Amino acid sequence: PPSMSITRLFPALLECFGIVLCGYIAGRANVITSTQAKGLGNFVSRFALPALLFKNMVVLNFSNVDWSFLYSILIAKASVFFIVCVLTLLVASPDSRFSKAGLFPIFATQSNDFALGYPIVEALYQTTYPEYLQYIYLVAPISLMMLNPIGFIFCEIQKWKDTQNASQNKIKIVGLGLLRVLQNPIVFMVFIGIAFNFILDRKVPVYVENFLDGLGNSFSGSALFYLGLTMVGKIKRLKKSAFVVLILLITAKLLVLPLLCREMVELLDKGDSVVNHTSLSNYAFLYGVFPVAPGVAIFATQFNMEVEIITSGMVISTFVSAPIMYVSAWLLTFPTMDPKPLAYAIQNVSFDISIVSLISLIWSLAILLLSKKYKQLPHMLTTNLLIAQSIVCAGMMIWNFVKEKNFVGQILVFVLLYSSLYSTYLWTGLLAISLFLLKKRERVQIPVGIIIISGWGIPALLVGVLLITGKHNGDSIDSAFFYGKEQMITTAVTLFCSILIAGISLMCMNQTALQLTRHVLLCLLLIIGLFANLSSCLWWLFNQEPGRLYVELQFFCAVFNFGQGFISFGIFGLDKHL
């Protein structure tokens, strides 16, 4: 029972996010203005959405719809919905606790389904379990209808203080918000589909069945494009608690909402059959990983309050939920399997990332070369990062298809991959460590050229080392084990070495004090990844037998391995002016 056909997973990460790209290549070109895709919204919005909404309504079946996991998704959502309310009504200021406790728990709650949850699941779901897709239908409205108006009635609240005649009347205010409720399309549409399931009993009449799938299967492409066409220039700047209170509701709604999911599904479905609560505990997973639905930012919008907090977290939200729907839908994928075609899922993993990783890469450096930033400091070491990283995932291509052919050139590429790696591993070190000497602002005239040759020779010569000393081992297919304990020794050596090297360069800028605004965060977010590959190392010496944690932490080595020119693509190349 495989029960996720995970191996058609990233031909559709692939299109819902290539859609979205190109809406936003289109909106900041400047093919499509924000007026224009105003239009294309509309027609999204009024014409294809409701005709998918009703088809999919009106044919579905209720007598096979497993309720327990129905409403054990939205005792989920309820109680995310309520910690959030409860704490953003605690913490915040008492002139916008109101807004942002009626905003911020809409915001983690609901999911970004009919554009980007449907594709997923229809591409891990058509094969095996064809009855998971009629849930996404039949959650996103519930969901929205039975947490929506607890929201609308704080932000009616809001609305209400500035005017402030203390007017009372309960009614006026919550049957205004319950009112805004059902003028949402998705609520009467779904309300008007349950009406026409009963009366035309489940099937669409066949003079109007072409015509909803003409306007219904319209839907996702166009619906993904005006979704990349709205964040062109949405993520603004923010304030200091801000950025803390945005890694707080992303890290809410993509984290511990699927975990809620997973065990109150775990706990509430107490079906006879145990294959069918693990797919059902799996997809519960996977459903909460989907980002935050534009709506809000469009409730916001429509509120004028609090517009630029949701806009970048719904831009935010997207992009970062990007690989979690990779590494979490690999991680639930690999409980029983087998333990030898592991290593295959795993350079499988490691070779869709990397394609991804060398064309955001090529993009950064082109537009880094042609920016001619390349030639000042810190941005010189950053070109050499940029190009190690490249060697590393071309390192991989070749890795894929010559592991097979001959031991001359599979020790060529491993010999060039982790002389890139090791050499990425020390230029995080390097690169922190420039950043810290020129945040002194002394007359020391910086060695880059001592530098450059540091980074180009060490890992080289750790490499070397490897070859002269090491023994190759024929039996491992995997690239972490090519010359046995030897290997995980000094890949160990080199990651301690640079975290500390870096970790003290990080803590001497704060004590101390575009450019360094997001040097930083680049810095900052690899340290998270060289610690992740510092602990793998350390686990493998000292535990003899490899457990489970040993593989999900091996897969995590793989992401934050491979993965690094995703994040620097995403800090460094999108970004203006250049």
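Positions refer to the first chain, counted from 1. Note that the rigid core is defined as the largest set of C-alphas that superpose within 1.5 Å between two forms. What changes on going to the form deposited in another entry:
- In the core-aligned comparison between the two forms, the C-alpha of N473 is the only one from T383, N197, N184, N473 that shifts by 2 Å or more.
- Relative to the superposed core, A166 undergoes a Cα shift of 2 Å or more between the two forms.
- Annotation: Cα of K372 displaced by less than 2 Å between the two forms, core superposition.
- The Cα position of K485 differs by less than 2 Å between the two forms after fitting on the rigid core.
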Second form
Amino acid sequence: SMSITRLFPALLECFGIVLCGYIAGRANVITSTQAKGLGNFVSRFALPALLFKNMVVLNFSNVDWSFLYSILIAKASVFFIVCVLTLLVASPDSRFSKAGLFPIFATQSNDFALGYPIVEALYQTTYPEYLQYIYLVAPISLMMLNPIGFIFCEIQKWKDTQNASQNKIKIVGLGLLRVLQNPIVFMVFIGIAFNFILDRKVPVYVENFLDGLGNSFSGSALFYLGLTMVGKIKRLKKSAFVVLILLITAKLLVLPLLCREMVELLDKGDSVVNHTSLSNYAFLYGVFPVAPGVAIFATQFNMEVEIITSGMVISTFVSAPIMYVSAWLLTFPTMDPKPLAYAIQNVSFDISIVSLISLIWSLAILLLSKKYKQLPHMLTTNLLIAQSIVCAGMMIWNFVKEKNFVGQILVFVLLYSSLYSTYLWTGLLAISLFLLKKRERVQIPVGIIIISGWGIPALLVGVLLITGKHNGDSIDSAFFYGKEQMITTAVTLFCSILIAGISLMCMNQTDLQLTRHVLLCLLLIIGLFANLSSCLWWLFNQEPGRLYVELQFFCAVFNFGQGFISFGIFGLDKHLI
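Alright, leaving the form deposited in one PDB entry aside, put up the form deposited in another entry.
Nothing else is written out below except the one chain.
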């Protein structure tokens, strides 16, 4: 069905080159002026050669058109809903610029740079005909959705001049011609024409030239995307933070769900396995992040540039685990229950690799910058040390799951001590935030706080060791002692979430970077709430089923990739070192 084993190397390639571009950008290896030359090559030479080659050899007799217009209908619905509420809820003075750029932001995926290698990895050896749908949807979506936005931004541009009847021909033709000036649209126009002229075959004198210019698009576009991302996050207020969450949620969540529903409604027919594979491919298409062209478009308009640029550089990072989690969730009903446990173990192993490397970087940054002596930052350093042992414990646990009983007990004790320590360390950080906000001075001892965070989980692990039962022959780490282990994880998560939730709500009612400290506490609380519910689900219901498998998978991701979320918040920060 789907080669879900070879998706994680593709997500390593597509974001490791982006990380290389970002590292080269901050390092001062390639400045902003020099990054413009790399973008000029990619956007004028490599991308047109790639589009022209792949549409000359494209077979229009093979393409299932039902799938094609279902994906566009899904994208049209997302565009339709985002434009309507942007018109209702925004201020009249800038209602048109947002209504023309926000639905473009929520619909235009990064298909050619990020989407094509991921689809290529999952679908080359099983359904090789699904790769041509990338080159079909992205330019068709450009011609049929982008002109509608450009009229709205040009209407906002008419407002500043504030004269004449705006001469309605003059405005809609600029948006249509702005679309046609994109290199993607007319190279697709030339490729469709040359598909019938050359009879679906590239000339032999030109075949190698187009391959050499087209195969250089992938690595250089991801590198330039990483160079684009340097320092463009800026600071945003609550009203821009909230609209950014709403837009990125729209692009990465409700567009893929709309794609699945419209494909099952409109692409009717075919065999069941083909229908299921088409549905799975439809979910994967909507998860792709926003193309960097939208930030370019807001730049040329000089309208809502900060929000759209921040939205693009955030969505590319945020979509990296969403592709992985969503695709592995789709292959779960197709799998037998017994090798499903190996699938859960494989996902946690691949996540713990990325989480451990990012945690080493963030721990090194916090240690070398000597910021750990600061009052908010001491508790963060213990937390990051604890999260690193979790990821390293999964590396051990994957290879010793069927090993000797004594080694398994030691690995389980170490792994669950670090997991339980992570749970209460979120609450300790929240209590420290409440202490820095109100009740000036008379701060609690950091050593006593560290002793509680290091001792209470150890006491819980000892109680689970004393009162727990032996055996536990399972491939998953969460099932080794039985109901005693799940009761201990439920009590630790419920006490920590209630303590941190009270301290976080009390902080709002009441360099010392309290602006970002809170969000690292905030994103973990949603994780502890999902951790508590699965422990509650197992005790009250002993039957796995319709969502226990999905909830157990989500328990694995927020346990062994919490360092990734912490690194994204903390590690990418400017220091002296």
